[PDB]
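Novice: Below, each chain spelled out in residue letters.
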Amino acid sequence: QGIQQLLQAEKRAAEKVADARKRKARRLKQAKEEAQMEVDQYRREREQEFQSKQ
Amino acid sequence: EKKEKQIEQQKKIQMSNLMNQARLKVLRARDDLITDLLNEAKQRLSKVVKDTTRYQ
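Read top to bottom, the protein sequences are chains M and I. Under PDB author numbering, the first residue of the first sequence carries the number 6, and numbering increases by one thereafter. Under PDB author numbering, the first residue of the second sequence carries the number 58, and numbering increases by one thereafter.
By construction, these hints were calculated from the structure, which means they are not laboratory data. All C-beta atoms, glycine included, are put in the ideal place defined by N, C-alpha and C. Careful, some of the hints might be misleading.
[Unchecked claim] Below, simulated SDA-like cross-link-like pairs (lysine to any residue); rule was C-alpha separation at most 20 Å, straight line:
#1 M:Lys-58 to I:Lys-59
#2 I:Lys-60 to M:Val-44
#3 M:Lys-58 to I:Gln-66
#4 I:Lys-62 to M:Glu-50
#5 I:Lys-60 to M:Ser-57
#6 I:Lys-68 to M:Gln-59
#7 I:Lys-68 to M:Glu-54
#8 I:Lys-69 to M:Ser-57
#9 I:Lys-59 to M:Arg-48
#10 I:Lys-59 to M:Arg-51
#11 I:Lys-59 to M:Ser-57
#12 M:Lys-58 to I:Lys-60
#13 I:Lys-60 to I:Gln-71
#14 I:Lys-59 to M:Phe-55
#15 I:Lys-59 to M:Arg-49
#16 M:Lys-58 to I:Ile-70
[Unchecked claim] Simulated restraints on C-beta separations:
#17 I:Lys-68 to M:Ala-36: 33 to 43 Å
#18 M:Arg-28 to I:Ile-70: 56 to 66 Å
#19 M:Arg-51 to I:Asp-89: 48 to 58 Å
#20 I:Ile-70 to M:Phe-55: 13 to 23 Å
#21 I:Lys-68 to M:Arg-26: 55 to 65 Å
#22 M:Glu-39 to I:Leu-81: 56 to 66 Å
#23 M:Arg-51 to I:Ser-73: 22 to 32 Å
Same shape as in the complex, but just chain M:
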């Protein structure tokens, strides 16, 4: 009726809150692994500093 359908229409927004946690759980980690793979520029800096040391 109306009372049972309004709890399923609130359940559509209940998955809008779980998608709001899904957008902050991966983006905190997919960018942090990009902040840990940035050491390849630092390994390039140690390799470039081994050229001027040579």
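Fit chain I to the supplied structure of chain M, relying on the hints for placement.
Specialist: Chain I in isolation, oriented as in the chain M frame:
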């Protein structure tokens, strides 16, 4: 900044010890020119012992 500074402090000490050994080598060669000159003065002093009129 620790790899570059510890290398340049030892690169300066590598060059400074090279010119340190260069200063002592010309000084030691100068000492040999006084040693054989003193050695030559000792051999020429034995020739004064050889003749008898100048030695007595």
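Novice: Which of the listed hints are broken here?
Specialist: none
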